[PDB]
Amino acid sequence: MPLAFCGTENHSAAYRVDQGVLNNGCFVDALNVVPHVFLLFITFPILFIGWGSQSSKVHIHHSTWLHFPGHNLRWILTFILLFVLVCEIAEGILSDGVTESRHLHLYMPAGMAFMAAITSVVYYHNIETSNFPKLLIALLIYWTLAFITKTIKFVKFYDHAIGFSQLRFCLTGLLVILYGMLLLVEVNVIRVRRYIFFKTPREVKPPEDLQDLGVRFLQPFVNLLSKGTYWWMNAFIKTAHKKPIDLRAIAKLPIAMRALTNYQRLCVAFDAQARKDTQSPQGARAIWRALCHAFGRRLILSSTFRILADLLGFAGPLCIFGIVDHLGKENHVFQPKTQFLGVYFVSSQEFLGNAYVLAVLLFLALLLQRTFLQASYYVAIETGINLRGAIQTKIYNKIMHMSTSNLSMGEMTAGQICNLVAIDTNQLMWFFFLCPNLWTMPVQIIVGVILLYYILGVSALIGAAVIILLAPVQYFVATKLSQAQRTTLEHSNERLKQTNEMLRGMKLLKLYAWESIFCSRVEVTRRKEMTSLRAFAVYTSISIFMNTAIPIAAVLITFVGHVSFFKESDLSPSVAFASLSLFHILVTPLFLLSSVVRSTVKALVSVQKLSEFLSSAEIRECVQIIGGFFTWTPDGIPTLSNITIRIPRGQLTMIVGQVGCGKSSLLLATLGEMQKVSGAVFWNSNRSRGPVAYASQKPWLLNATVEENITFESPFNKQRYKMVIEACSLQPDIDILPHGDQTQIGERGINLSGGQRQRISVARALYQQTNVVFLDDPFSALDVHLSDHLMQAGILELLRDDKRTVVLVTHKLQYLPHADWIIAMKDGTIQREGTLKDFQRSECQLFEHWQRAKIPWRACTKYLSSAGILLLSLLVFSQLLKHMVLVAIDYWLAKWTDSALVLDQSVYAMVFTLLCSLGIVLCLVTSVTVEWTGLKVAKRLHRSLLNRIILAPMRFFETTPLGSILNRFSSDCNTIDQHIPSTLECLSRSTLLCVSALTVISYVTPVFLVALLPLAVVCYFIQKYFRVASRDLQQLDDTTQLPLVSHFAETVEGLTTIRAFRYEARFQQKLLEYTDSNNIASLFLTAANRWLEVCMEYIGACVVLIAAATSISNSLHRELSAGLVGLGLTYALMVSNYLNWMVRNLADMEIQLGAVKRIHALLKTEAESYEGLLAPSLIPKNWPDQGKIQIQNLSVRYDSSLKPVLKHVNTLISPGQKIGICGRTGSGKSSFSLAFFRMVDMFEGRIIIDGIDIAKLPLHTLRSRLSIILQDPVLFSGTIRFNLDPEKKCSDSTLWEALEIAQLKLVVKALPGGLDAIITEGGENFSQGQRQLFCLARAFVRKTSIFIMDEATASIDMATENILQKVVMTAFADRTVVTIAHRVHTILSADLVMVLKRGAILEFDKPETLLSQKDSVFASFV
Amino acid sequence: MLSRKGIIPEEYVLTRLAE
Ligand SMILES: COc1ccc(Cl)cc1C(=O)NCCc1ccc(S(=O)(=O)NC(=O)NC2CCCCC2)cc1
Ligand SMILES: Nc1ncnc2c1ncn2[C@@H]1O[C@H](COP(=O)(O)OP(=O)(O)OP(=O)(O)O)[C@@H](O)[C@H]1O
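Chains A and B, in that order, are what the protein sequence lines are. Under full-length UniProt numbering, the residues of the first sequence are numbered 1 to 621, 678 to 742, 765 to 928, 992 to 1044, 1060 to 1578, in order. Under full-length UniProt numbering, the residues of the second sequence are numbered 1 to 19, in order.
Worth flagging that the hints you see were computed from the coordinates, not collected in a lab. The beta-carbon is built from N, C-alpha and C at its ideal position, and this holds for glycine as well. One should not assume that every hint holds.
[To be verified] Straight-line C-alpha distance at most 27 Å; calculated DSSO-like pairs for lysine-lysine:
id, chain 1, residue 1, chain 2, residue 2
1, B, 5, A, 1036
2, A, 1226, A, 394
3, A, 890, B, 5
4, B, 5, A, 1344
[As the list claims (entries may be wrong)] Computed far set for chain A versus chain B, every beta-carbon distance over 10 Å:
id, residue
5, 549
6, 912
7, 1149
8, 1187
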């Protein structure tokens, strides 16, 4: 009885070749073996020679691809003929398993056809990579050969009169037209590329996007299986573990996603609509129609994949119902009825009612659901990202035409348009991510409600009414959540600005011993934010609570209704577990549908925002102006008219005019940026415009290097840059910043001063090599007179050797009647534009003669010092107890259904209610404990970060910038307050559900764990490589969308400078490079996420296959009783999207715990301990009023490394002798001024204080009674009485003495509040003398005898005189001073003085006149 | 149990400053 091919019954009577050769029903299957082994045995030498040549030379293996025409339908026909060949294997096994013999002619041809079709697509792939089309002649003669043999078999089935009743007739007719239809695909290749029989072949090249050198993101040009399963990602993602992902390692990007290309497509759509339609604006509906018209051809494709993914989703619970129903009722028949020609044909009802066949059908349904779902995700993502590209370029195109009016720009500042780019366009992008959901998620829910009613009955409609009343509850909780988050975040903005004003003036607040009191003024605002954050935690626990206790209450209400209330159709375990798995596939879209509805409302609001922006007023469509009309409102009232002035080439026009008489309007009207109503503009550079150089009254600099704001995207030569840096006095300006030509100048970088920024803008105007140069008052704020004179003489000299026009419009009348062709604007009109002698004839000259490590160190430190074990134990215990209860509620359903099908039943229902009650109660406990632990976490970490940043030396603030401390304060507190606890609840639910699910799978099938261990290893490595790639692409996402919104700020601010140069096109390309570097980082983050999700979900599909096969096998024989088996299969389906969530939430927890690692690292910088090593009240007096601090040889250092400065200075301040001691400003001025206050490391010597020990004094009390003034003053915002004395807050009459008799009386008494008004962020237009007024106020009120002074940086001469008069009052009232003043030409008035240059005792003059008589002290005074 | 699959977009007025 050996392995016969045909039947071994009737003594080999099925081999009788009589009655025809083909009418023997086994010989036709013998024919079908022939073409498949023909292809294998003609394409094994081809494939192995090909595979060897890649093992010799594989460098060019990622170079150039060309798919043959008809490629996508080739692959989908191979997949669906693979599907039906698996079905004929299933039919063949189930038909031949009814007789005594083996009957191998039912599943030898189908099995070898399966391997032949797989090898016929590997051969096609190895011939599509290498353009050699004449070698797939073998494959087309295969398909015509295989089509003929199944044509033989099908027409003999019609002649043996099977008909469509038996199953293999239907399948064979289906796969006859399969091989026929892709044979027709093969002759399409013959027809198009014309290689076989045609005299001239058409030869195509690989496309230009592939042939470019660096393109890594090769997803739009790869075969269909690699688009489905992201196989190309592997060579990228495995590379990411050796070398990190630099921005050169990411792609350039393909042509289909370049920001210019999507912008072209979107502009074609807008132009086509506005021509054919009668819409006068391109308003809201116009933009809305245009986006759909340009991107519907992809968005419909994403929705198509999503609908197919939804239907193949419901072939999961349907397969559980079929499996468990057949696994009940004894497995009685297991044999086919039909017997045609002695062979048994399986009836199709017996086919799709079998156990293993329906299980393999379940497996193949999941490998198509969970691949079309991922293709649906990515196509929705990729079309959304191409909206980000085209809409940012569209917004920026209408930045390049926006007028700087008082109505267009006078309404919306650059903060509005930066928030427009960021918030608005991202939520419009998020609408096109969620766009297939509003087309499919209703079909998902509707087909879900319908077939859940067919499975169970009307009690399932009570259950479906519960979950369909869990979408509005999620919506209203999310609405209250967004309200609370709105109020909390715009409250903590005020807290972060207050912390910025308390951490910028670190030296000034530490000098008056005011780090503790200002920390309290921060802590009060923090606790108001903490109340708002507690409301955030309440409204986000209920989202967790509803997500994890609406389905349990739904299941409890469902089955208790069906048995107690209904008594209609008793379980039937198949009915119960099909209903459970349907509830999980319904619970996922429901909570997310609330977020979809939110995104739809925001999308409509967002296109409204972007429509009123896009259709606001534009600007418009040598020098000569005739008509003289120029306005800002686009009709009526010209703000500068009667302008009839001509300034041709070869000129340097100094201009003049009144204060606010239309000066900048006149210059900008020549610039063509004003809507000139009446008049013409003749224009010719030595009517179209040349690159007019310009520098506005308000300065402007790109947030870049100082040379980058000087050369301004132009070539760089050393000679002209050195001359412009010398003439504009820029070498002291470069040295004024600690890096010069590498420091990030301007805003977002090194904080400059007003004179410095005005001089930098003038430098960019001269260097840019232009046929005109406009200087709109450069010498207005720059009070350095000789700088302006050298600039004036140097501007004339530079342009005279260049022969190009200049125009300087200001009131600097020192040169205006001398050597210009001047023009004067009186009352907003032109009087005379001529020579200086004409102004000597119109009465106007009178005025000029008048690692890659991770969590567990940082996560342990986070959980310990933040939570506290009295709640850490409650959190971990409640999660584990809730999940044992969830295993119990599922297992109790299984045990009750087994004992109900084979028939204490009300006992089962009652204990089911008392297990569902524990489910809801434990989920509320876990939902409260996670968010409450996170709330307490943020409280103690914020007080620790504030106190350790307070209890720090000022030397640390010299080392690290204010940018680093403010960033890891504000943004990282946000991450550890509102993002880590929600991620913690999601992570502690996701990994615990996975351990729960695999314990249950291993419990039902103890064969699984042997097949789990290699599967868990593969799951572990996929997890490992994804973390390495996802972290690096995440930082590459963040640090690339930052410079782009930086660009949108820096463009809208200095708009008129860019349109002046006609250098708009270079900034257009800078955006497009930034947008390409953003979209390629965003697309790699998307495609790496999909590679994880496809690969981990296939691992989940293999879980389903192994679990279902071993469970049914152990329930046919070992009698599992099928209650457990349904409980097995309904968790095998849920594994596939718990491994996904475990790995993704672990990656998000990684990046977010990295923002608590940095806060602990910055808590690790502690110094300046308040060490009073005596009896701390006996060492000082009540207040030191001697002023007799004899400094004794106090030698200074900071790091104590290589160079002390102060040496042997045995110098005393006598009581009364207000010793103004100036020295060398290069070495010993600023260092000594800081170290005088015990704010530096005096490593030796003796620093006395009135003869007492100032090394063991209370440093709070020591820094209390010794006042100071500063060089660059700043006012901490608050009350004016808080600006005078926050630690005291003594009385108003002390403030009356202060704010009258010191200074500023006609500002304080003329203020609206007085001493109790809010200092509006520093006193933005108060004075510079308020610094000295606050100095004298704090010197008389805080018992301050000493007053250590520094010089004014920028002040008025009368303000310096008023400071001198207040200094006379300071000696008369405080009697102790030791002053150093960098304004050296005025610092001679003292009693005794010492000039101590380069760290020595070099000059001493106890009378003041002896310094001016001697040699060395006079030379520093000459 | 999905938060990143939810609407990740939130309000961002203050940004990362420097360093
Ligand atoms: C996985 O979600 C769902 C689960 C169930 C349902 Cl019924 C709908 C969705 C859903 O929301 N479908 C929208 C499409 C979607 C949304 C989020 C995600 S993702 O997993 O967050 N991957 C990323 O976001 N990549 C980002 C994209 C933005 C720039 C940076 C990279 C992936 C795809
Ligand atoms: N770009 C503009 N946006 C809004 N209003 C403007 C603009 N330019 C001019 N104006 C209006 O035109 C009038 C004349 O301004 P003018 O050109 O005299 O300023 P300016 O004198 O150059 O400035 P400054 O006096 O500071 O040098 C002003 O009252 C101003 O309100």
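Verification of the supplied hints:
no. : hint            : result
1   : B:5 to A:1036   : violated (35 Å)
2   : A:1226 to A:394 : holds (14 Å)
3   : A:890 to B:5    : violated (63 Å)
4   : B:5 to A:1344   : violated (70 Å)
5   : 549             : holds (13 Å)
6   : 912             : holds (52 Å)
7   : 1149            : violated (7 Å)
8   : 1187            : holds (14 Å)
Against the hints set out earlier in the document, violations occur for numbers 1, 3, 4 and 7.
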